[PDB]
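There are 2 protein chains.
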Amino acid sequence: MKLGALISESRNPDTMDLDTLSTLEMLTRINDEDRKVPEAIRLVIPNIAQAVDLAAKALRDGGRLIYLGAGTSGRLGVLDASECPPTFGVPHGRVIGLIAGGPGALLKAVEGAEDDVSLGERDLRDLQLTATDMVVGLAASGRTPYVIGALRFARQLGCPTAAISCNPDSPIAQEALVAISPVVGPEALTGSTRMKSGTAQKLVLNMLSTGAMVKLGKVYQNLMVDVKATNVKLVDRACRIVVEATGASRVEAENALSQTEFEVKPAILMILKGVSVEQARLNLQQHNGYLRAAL
Amino acid sequence: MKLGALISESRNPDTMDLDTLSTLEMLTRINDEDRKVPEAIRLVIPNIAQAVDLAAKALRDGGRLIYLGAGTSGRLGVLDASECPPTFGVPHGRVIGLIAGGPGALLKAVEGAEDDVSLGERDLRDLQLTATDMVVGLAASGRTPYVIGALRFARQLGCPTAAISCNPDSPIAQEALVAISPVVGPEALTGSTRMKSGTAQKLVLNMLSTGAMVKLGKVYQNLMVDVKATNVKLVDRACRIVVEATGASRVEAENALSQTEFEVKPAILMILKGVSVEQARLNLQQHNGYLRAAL
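Protein chains in written order, with the deposited numbering: chain A, 1 to 295; chain A', 1 to 295. A prime marks a further copy of an entry chain.
Derived by calculation from the structure, the hints in this document are not laboratory data.
No residue lacks a Cβ here, since even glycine has one placed at the ideal position from N, Cα and C.
Treat the hints with care, since some could be wrong.
Straight line, CA to CA, 30 Å or less: simulated DSBU-like cross-link-like pairs of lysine-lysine [said to hold, decoys possible]:
no.	chain 1	residue 1	chain 2	residue 2
1	A'	57	A'	228
2	A'	228	A	36
3	A	57	A	2
4	A'	228	A	228
5	A'	36	A'	2
6	A'	228	A	2
7	A	228	A'	2
8	A	108	A'	228
9	A'	57	A	108
10	A	108	A	57
11	A	2	A	108
12	A'	2	A'	108
13	A'	108	A	57
14	A'	57	A'	2
15	A'	36	A	36
16	A'	108	A	228
17	A	57	A	228
18	A	108	A'	108
These stretches of chain A come out as covered by chain A' in the derived footprint (C-beta under 8 Å, 3 or more residues) [stated by the list, open to error]:
no.	region
19	86-92
20	191-204
21	254-264
Using C-beta positions, here's what the derived DEER-type ranges look like [to be verified]:
no.	chain 1	residue 1	chain 2	residue 2	range
22	A	5	A'	273	25 to 31 Å
23	A	11	A'	232	19 to 25 Å
24	A	5	A'	16	43 to 49 Å
25	A'	104	A	35	33 to 39 Å
26	A'	157	A	118	46 to 52 Å
27	A	247	A'	104	39 to 45 Å
28	A	24	A'	252	37 to 43 Å
29	A	61	A'	249	52 to 58 Å
30	A	5	A'	287	41 to 47 Å
31	A	174	A'	261	34 to 40 Å
32	A'	22	A	276	32 to 38 Å
Make the full structure from the sequences, and use the hints.
Right, here's the structure in full:
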């Protein structure tokens, strides 16, 4: 299809007079569109599940999860990736977001960069992509050249790949192993895919990283046991997690966390089993980091 | 309240066994939580409207719209601001997103930066904040020191201010003129405010910038007439907008756009009124840029 025929580029029949509405009305129209996004995602949960299982397999097998997009799509990938080290304790190189135009594009849009198919390939080669790594290409339109080129390169190397787009049967969906295609409909402002489509992309990325990290043992119950606590709020949360999980005083909790360099998993073990920091770390290694299995 | 008592830090009773669920189940739990976000935003539309009207007033009166947050909240402000120049044609300095820790924080989290109340003030002073500028502070928790300090500084200068938080009666809501407080409930992963709270923040920022820019005349009907077209997709959209708005051939459209340096508003006028580029630009200046008023 040509660009002008895409659903993402179509006019929304419920906002044709957007600029003549009162502020309240206009905002209610936008919110009516936002209401559509969680259902669009619900319909593609099976595909997202396939992608979560591939991502978990990739990270377990020593690879990385790499998000790639231009503009908004690229910034959303960087947004999700940036949250993985503080939330799940992984090194920053484990989950990576790439954006067309490089770091400057994080702060100021450079819309021309998206047109180069070879740039997506170049950015992946610059990270020394391997067949174990998983690559997720994001483009609301489903046709951004930067993303097409990146996915083609990853596919030929043997990487598991996923494509997130909001138009059906898109070029990027055709290139990828797993297609995640939440159809959100025409945007309130015609072609403004930063809106519903961007929201959908965010929901999918949060599902991918959270789903994979939970499968990898980086959570316990619904508690953030692999938090990397480097500020007041996070260290306070680390203390509260230990108390929530052991049923022991925050004091025994604080003394154990101090010894573990604020690492929650070994602190919980120390308290529940009455073992040393050193013994707790070895026990967790024996169980591949899964606290449930160590308890 | 203490941190551990906040709704954002509370356990979600529907995800207590998150780590024992099948991938499909886990994803359905996350999506059930996402479903809650558009309704939480709907309940605070009146407050968002107040903020849209203040932002429009600020930009009309020659000021800027400045978003400020740490971590995810900060990256979301930069995400929304980055989209304003290509979508609404404004200079990049008109809508600005600030993040604790500076540009490095856009790519790699530096969670310790959020604890300094004086850093928020410093970042605003570095932009030469004036009383006409509007400052929007974002913190899911509602208590991030960087944001508290920033809002205090803006308030004392006489700036209109808004606070976006997901906990009720928060410190930042108390400091600001307008409080936007969508209560989304406990996160699927306890304390993981990048999830629902982050989604809420995104929806609110998109409402603020879109709402204000529509009020300022940067849209016509539901068409992106102030698009800054610097790539294939955007220039193609510019052509399609002219055809959609004039009922003239894409050819007359392409010739007019070439003459206007791909600026849609004057091209539409040229075609509908049969005037020169020069005459079209003057007519738009006489009508303060509002295409409807010039037609």
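Hints, verified against the model:
1. The hinted pair formed by residue 57 of chain A' and residue 228 of chain A' meets the criterion: a straight-line CA distance of about 23 Å does not exceed 30 Å.
2. Between the alpha carbons of residue 228 of chain A' and residue 36 of chain A the distance comes to roughly 28 Å, so the proposed pair stays at or under 30 Å and holds.
3. Taking the CA atoms of residue 57 of chain A and residue 2 of chain A, the gap is about 37 Å. The hint is violated against a cut of 30 Å.
4. A C-alpha spacing of about 41 Å is found between residue 228 of chain A' and residue 228 of chain A, which places the hinted pair above 30 Å, so the restraint is violated.
5. The hinted pair formed by residue 36 of chain A' and residue 2 of chain A' meets the criterion: a straight-line CA distance of about 25 Å does not exceed 30 Å.
6. Taken as a hint, the residue 228 of chain A' and residue 2 of chain A pair is honoured in the structure, with Cα atoms around 21 Å apart against an allowance of 30 Å.
7. Restraint check for residue 228 of chain A and residue 2 of chain A': the C-alpha separation of about 21 Å stays at or below 30 Å, so the hint holds.
8. Distance hint between residue 108 of chain A and residue 228 of chain A' is fulfilled; the C-alpha atoms sit about 13 Å from each other, no more than 30 Å.
9. For the hint linking residue 57 of chain A' to residue 108 of chain A, the alpha-carbon distance of about 25 Å falls within 30 Å, and the restraint holds.
10. Note on residue 108 of chain A and residue 57 of chain A: the hinted pairing is violated, with a Cα-Cα distance of about 35 Å set against a maximum of 30 Å.
11. For the proposed pair residue 2 of chain A and residue 108 of chain A, the alpha carbon gap of about 28 Å is at most 30 Å, so the pair holds.
12. Distance hint between residue 2 of chain A' and residue 108 of chain A' is fulfilled; the C-alpha atoms sit about 28 Å from each other, no more than 30 Å.
13. Between residue 108 of chain A' and residue 57 of chain A, the direct Cα distance comes to roughly 25 Å. Compliance with the 30 Å bound is thereby established for this hinted pair.
14. A distance of roughly 37 Å separates the Cα atoms of residue 57 of chain A' and residue 2 of chain A'; the hinted pair therefore is violated under the 30 Å criterion.
15. Restraint check for residue 36 of chain A' and residue 36 of chain A: the C-alpha separation of about 12 Å stays at or below 30 Å, so the hint holds.
16. Restraint check for residue 108 of chain A' and residue 228 of chain A: the C-alpha separation of about 13 Å stays at or below 30 Å, so the hint holds.
17. The suggested pairing of residue 57 of chain A with residue 228 of chain A holds, with an alpha-carbon distance near 23 Å, which does not exceed 30 Å.
18. Restraint check for residue 108 of chain A and residue 108 of chain A': satisfied, since their Cα atoms lie roughly 17 Å apart, inside the 30 Å limit.
19. Beta-carbon proximity to chain A' at under 8 Å applies to 3 residues in the region 86-92 of chain A; the threshold of 3 is reached and the given coverage holds.
20. With 8 residues having a beta carbon nearer than 8 Å to a beta carbon of chain A', the region 191-204 of chain A meets the requirement of three or more and the stated coverage holds.
21. Against chain A', the region 254-264 of chain A contributes 0 residues with a C-beta closer than 8 Å to a partner C-beta. That does not satisfy the three-residue criterion, and the hint is violated.
22. Taking 25 to 31 Å as the suggested C-beta distance range, the pair residue 5 of chain A and residue 273 of chain A' conforms, at roughly 30 Å.
23. For the hinted restraint 19 to 25 Å between residue 11 of chain A and residue 232 of chain A', the CB-CB distance of approximately 21 Å keeps it satisfied.
24. Between residue 5 of chain A and residue 16 of chain A', the C-beta spacing of about 47 Å keeps the proposed range 43 to 49 Å intact.
25. Between residue 104 of chain A' and residue 35 of chain A the Cβ separation comes to about 37 Å, which falls inside the hinted range of 33 to 39 Å.
26. Between residue 157 of chain A' and residue 118 of chain A the beta carbon distance is about 48 Å. The supplied range of 46 to 52 Å therefore holds.
27. Hint check: residue 247 of chain A to residue 104 of chain A', Cβ distance near 40 Å, so the stated range 39 to 45 Å holds.
28. Between residue 24 of chain A and residue 252 of chain A' the beta carbon distance is about 38 Å. The supplied range of 37 to 43 Å therefore holds.
29. For residue 61 of chain A and residue 249 of chain A', the hinted distance range of 52 to 58 Å is satisfied, since their beta carbons lie about 56 Å from each other.
30. Between residue 5 of chain A and residue 287 of chain A' the beta carbons are some 33 Å apart, a value that contradicts the proposed interval 41 to 47 Å.
31. In this structure, residue 174 of chain A and residue 261 of chain A' meet the distance hint of 34 to 40 Å, their C-beta atoms being roughly 36 Å apart.
32. A C-beta distance of roughly 36 Å is found between residue 22 of chain A' and residue 276 of chain A, which places it inside the suggested range of 32 to 38 Å.
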